[PDB]
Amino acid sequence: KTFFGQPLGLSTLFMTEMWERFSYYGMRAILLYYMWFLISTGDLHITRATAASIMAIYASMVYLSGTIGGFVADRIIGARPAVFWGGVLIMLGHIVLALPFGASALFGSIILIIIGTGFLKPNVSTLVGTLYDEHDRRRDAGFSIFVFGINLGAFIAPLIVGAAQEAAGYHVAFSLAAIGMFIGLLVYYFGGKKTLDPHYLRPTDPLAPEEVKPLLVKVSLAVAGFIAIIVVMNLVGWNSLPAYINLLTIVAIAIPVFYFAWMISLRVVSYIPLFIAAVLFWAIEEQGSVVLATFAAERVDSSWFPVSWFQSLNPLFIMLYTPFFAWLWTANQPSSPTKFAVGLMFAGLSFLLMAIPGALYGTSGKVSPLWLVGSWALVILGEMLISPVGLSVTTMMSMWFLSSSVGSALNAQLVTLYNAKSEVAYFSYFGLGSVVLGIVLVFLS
């Protein structure tokens, strides 16, 4: 008796991640529209450009937090508690938004989820490997099944949450996200005790006595320096929300900039164009929940259904393409930098495609939802070529997990350029921009 030929414990982690991704992407599907709403009532004193920038940097921090959660679990708290307490903080983040508050709750919600996802996201995948011996040939299948559960949650969430927001408002919809995470915790907690190794209740590589102090010092210097920067910023008058957002953008981009300059000082050099292509691809893919969400709400005949449902197309196409590419890579298979190149080209085509309706019809009307369907089909096609390979090429493993954070940080700057007047230029310029760089990468391949 198995779960698709895998140890029964996979069923627990499958559901755990399905519900967490439900909570996360359910929130993402309506958070931007929610900020627009708070703005329209005068409760939130920012522009839509800033709100769009917030969504991008929010994403950026979540991915950044993810590069740290594995360490904290491996060295300090253990993978099993990390997942649990991460789940708790994620649940509380969605509760904060469900409470009878407005803009005052946004920061607290954002922080809780950044930290919680940081503890949960890397460590659930770790525990999946825990199910198998070193020997097990079933590993690749088990992770594929796990990924399917991730995509499932991401798929149903905007449908269910978006419908709920339409029927019962934002606060109820945010509560559904919280309940989703809660369900994830129930199944995880009770299902875990039956199936998970008690070894992972504790860290597997705990700090040795002599490691405690320098780690505390290292963490301390970072906080003091970051706090110092913020003090100076407020002294010299750089203290607006766009300013803090720029600071985090700089931070998110500096980290890979430093580790490279650190490590360089020589095939690492060859990894640079790969890393650049990854950042750019993630930038475009992550604009689906920001720029494309804006386009869906302003430029699409979506009178008969919640416009947040467009967020379901991303994981839908992942699920549709997946068994195909599963087959395709079994049946000369192109190289890895070739995949990145063609992978970035498809991202570029997805934005080039979106420039068409504005150029043909104008930007003051509404167009068919099919334009967005086509756009997402194109970008996810690019994801099938880049994501399954990116970790393999880089084998700096962290560099791979950071490419998504840098793309989002870059987006935090770029998405402020998008509006009805700049629609066609935005899509053409960046669409073509990414296509040419994918052409360059073929030359450098």
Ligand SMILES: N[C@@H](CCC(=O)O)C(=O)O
Given for the second form:
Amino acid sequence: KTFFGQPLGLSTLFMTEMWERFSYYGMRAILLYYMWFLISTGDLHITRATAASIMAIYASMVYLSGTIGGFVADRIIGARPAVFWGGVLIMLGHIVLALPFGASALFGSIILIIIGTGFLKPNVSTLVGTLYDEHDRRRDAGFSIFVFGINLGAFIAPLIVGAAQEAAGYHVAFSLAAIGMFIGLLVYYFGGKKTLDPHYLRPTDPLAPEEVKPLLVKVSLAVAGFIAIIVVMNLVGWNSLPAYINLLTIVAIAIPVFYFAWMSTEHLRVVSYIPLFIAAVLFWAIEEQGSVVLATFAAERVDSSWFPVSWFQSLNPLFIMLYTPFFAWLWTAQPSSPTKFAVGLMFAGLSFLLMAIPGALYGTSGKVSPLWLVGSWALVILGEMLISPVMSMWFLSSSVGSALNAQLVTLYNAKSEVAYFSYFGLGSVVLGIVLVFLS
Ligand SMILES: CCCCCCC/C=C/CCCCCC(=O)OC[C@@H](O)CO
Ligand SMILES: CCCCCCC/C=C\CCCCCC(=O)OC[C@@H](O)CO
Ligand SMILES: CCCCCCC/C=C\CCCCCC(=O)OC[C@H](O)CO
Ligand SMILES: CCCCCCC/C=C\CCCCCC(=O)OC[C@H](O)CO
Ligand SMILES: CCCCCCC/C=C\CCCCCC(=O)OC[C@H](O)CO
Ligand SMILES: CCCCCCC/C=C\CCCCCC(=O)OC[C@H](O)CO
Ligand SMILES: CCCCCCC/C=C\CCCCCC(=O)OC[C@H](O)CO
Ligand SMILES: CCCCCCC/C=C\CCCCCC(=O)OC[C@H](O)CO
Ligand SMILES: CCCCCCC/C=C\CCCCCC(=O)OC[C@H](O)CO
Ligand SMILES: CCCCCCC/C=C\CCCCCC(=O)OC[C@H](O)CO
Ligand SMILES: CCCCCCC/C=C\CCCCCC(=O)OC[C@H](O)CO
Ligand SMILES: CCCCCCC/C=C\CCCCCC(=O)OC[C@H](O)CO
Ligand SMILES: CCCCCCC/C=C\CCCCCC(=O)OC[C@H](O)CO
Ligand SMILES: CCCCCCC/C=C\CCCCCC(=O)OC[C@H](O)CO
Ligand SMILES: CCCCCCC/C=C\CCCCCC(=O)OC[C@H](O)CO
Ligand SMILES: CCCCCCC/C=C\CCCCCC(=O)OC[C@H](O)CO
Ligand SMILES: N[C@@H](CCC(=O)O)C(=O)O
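Mind pulling up the form solved in complex with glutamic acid next to the form solved without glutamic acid we just looked at?
Expanding to the full complex; the earlier chain stays at the top.
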């Protein structure tokens, strides 16, 4: 008796992550429309472009947070408490949006979910590893299943939450996201006590006595530096919301740039990763624009009067679930991995070049078939299979992509739509071609 051949403990972690991803993408699917709503009613004083930018940098900080969450668990609080308290924070994040408040609750929600997801996401992935001995052949399949649960949650969430929002309003809808996380916590807490190794209740690599001060000094100088930059920003008058978004943008992008510089055999192999890293960043940029630019296109440019427009956010994980089996049968039934990055990026590029067509053909003032978006996601997710299944800089790439997005999505609107999709679509394809030369 197993969970699809794997230890039953995988079900617990499967469920845990499925329900967190549910809460997250349920929130993601309507948060942009929520901010629109708050703007339309005069509660939130930003442009829609800024709103879009907020979505992107939000994602960016979530993934950035995920890059330290593993450290915090491994060295300070343990993987299992990280996941639990991570989940608690996420739930609080959604509860904050379920409360009868408006724009004033957004920052609080975002911070709670940023911190919480940073604690939970990397560490739930870690606990999946813990189900297996070093020599266990099932490890790849186990993770493959675990990834299925991520998208299962990501898939039904826009459906359920979007429907709820339409039916009962945003606050109720966001409360459902809170409930989603609560369900995950329940299964995680009680299921975890039955399946998970007690060793992970504590850090497996606790800070040695002499490691504490140096860590403390490093964090302190960073926070002080960040605070100092903000002080200077405010004295010089660079204190608009977009200004803060730019600071966050710069921080998120400077982080890999500093590792670039930081680091002849091993050299030319670190240098060799840079085009790959750029490729991943650009891919995730495009992929992460699904919930922002494509979310916007869905709401403004699509014949969608008969269903909640947030449901388009289900197309992304739907296609992942559809493609993953095929690519199992395919990688065994061969392109080099850098080549896989190029083509993955090429397909992302094509997913945007496609989107240029309805506007170029039909104009951008009318509405087009939903199939355009369906095809768009079909292409980018095809790209995801090529790059995703194939260390810090890697999970950092998605944060950098979203940071880049915080800048780029503010350029998207009906007037720029065709050029936007065309140029960044063509750019990605070309850089895919560039990678081919370098492959
Ligand atoms: C396996 C991945 C390959 C799939 C990618 C190809 C997807 C291309 C889709 C283009 C079709 C969208 C337009 C068709 C349509 O319904 O037009 C009718 C009209 O109402 C459009 O405004
Ligand atoms: C204002 C919002 C309050 C949020 C409270 C949500 C509760 C947090 C997690 C629920 C997961 C189940 C936890 C079960 C549990 O801790 O058992 C209680 C006790 O046996 C443990 O010492
Ligand atoms: C690993 C930590 C990542 C850094 C955490 C800082 C990120 C904090 C907020 C993310 C950006 C959110 C800006 C949008 C926002 O807060 O909305 C506030 C309302 O619009 C107020 O006008
Ligand atoms: C006010 C936020 C409180 C929540 C804790 C967030 C974590 C804040 C400080 C933890 C110190 C993290 C420094 C270590 C680190 O990030 O290194 C990452 C390495 O790349 C992992 O190998
Ligand atoms: C801020 C309101 C929320 C308060 C949280 C409820 C606190 C109640 C009990 C604390 C539970 C601590 C257990 C955390 C943990 O390590 O989970 C691991 C489980 O044993 C399964 O992995
Ligand atoms: C050691 C890290 C754990 C601490 C997590 C930091 C939490 C930071 C901010 C959470 C506060 C969110 C509440 C804000 C809020 O409720 O909206 C404001 C009022 O309701 C306005 O009507
Ligand atoms: C103990 C933590 C688990 C809590 C999970 C979330 C459940 C909490 C509240 C559910 C209902 C939230 C209020 C819904 C709401 O007020 O929407 C109505 C709007 O105000 C419009 O009438
Ligand atoms: C209200 C701000 C609270 C923010 C707290 C941020 C803490 C950031 C990093 C924690 C580093 C210090 C950890 C101390 C610790 O427990 O390690 C002890 C050693 O492992 C001893 O075995
Ligand atoms: C956002 C972080 C703001 C900067 C301040 C971070 C300080 C947070 C925690 C540092 C506490 C000092 C670490 C030493 C410590 O408490 O460990 C206790 C020992 O592990 C007990 O044996
Ligand atoms: C981590 C270092 C942060 C960056 C330090 C750069 C310092 C450069 C100028 C600081 C000037 C602070 C007062 C300026 C001020 O009050 O207003 C200036 C005028 O509004 C425009 O120049
Ligand atoms: C995770 C703890 C590390 C500390 C980072 C916390 C976030 C710090 C700065 C981001 C603030 C984002 C802007 C929030 C805001 O509403 O300011 C907008 C002003 O109203 C400008 O008019
Ligand atoms: C030792 C490095 C010190 C400087 C670090 C670089 C980061 C400095 C500022 C972050 C970006 C601020 C740009 C402000 C901005 O975007 O425009 C201002 C607003 O749009 C107008 O209110
Ligand atoms: C395997 C499926 C691949 C589907 C993607 C193929 C897309 C190829 C070319 C699309 C280029 C559309 C740009 C049209 C354009 O820019 O016209 C400008 C008009 O004046 C509208 O501003
Ligand atoms: C199993 C793969 C089957 C092949 C799918 C690859 C799709 C290749 C090219 C699709 C061309 C994209 C342009 C769509 C298009 O131009 O149609 C316009 C609308 O039909 C207007 O009526
Ligand atoms: C089965 C996918 C799960 C649900 C995801 C929601 C995706 C939203 C729409 C996808 C299907 C669109 C309807 C198909 C179609 O032919 O378009 C009808 C339009 O009214 C034509 O203008
Ligand atoms: C193994 C993956 C399964 C394949 C899924 C790929 C499907 C991706 C996009 C489907 C949209 C293709 C357009 C359909 C179409 O041409 O219909 C147009 C109508 O006849 C309107 O004239
Ligand atoms: N779509 C995947 C990965 C997203 C990313 O890393 O940017 C998830 O939500 O788990």
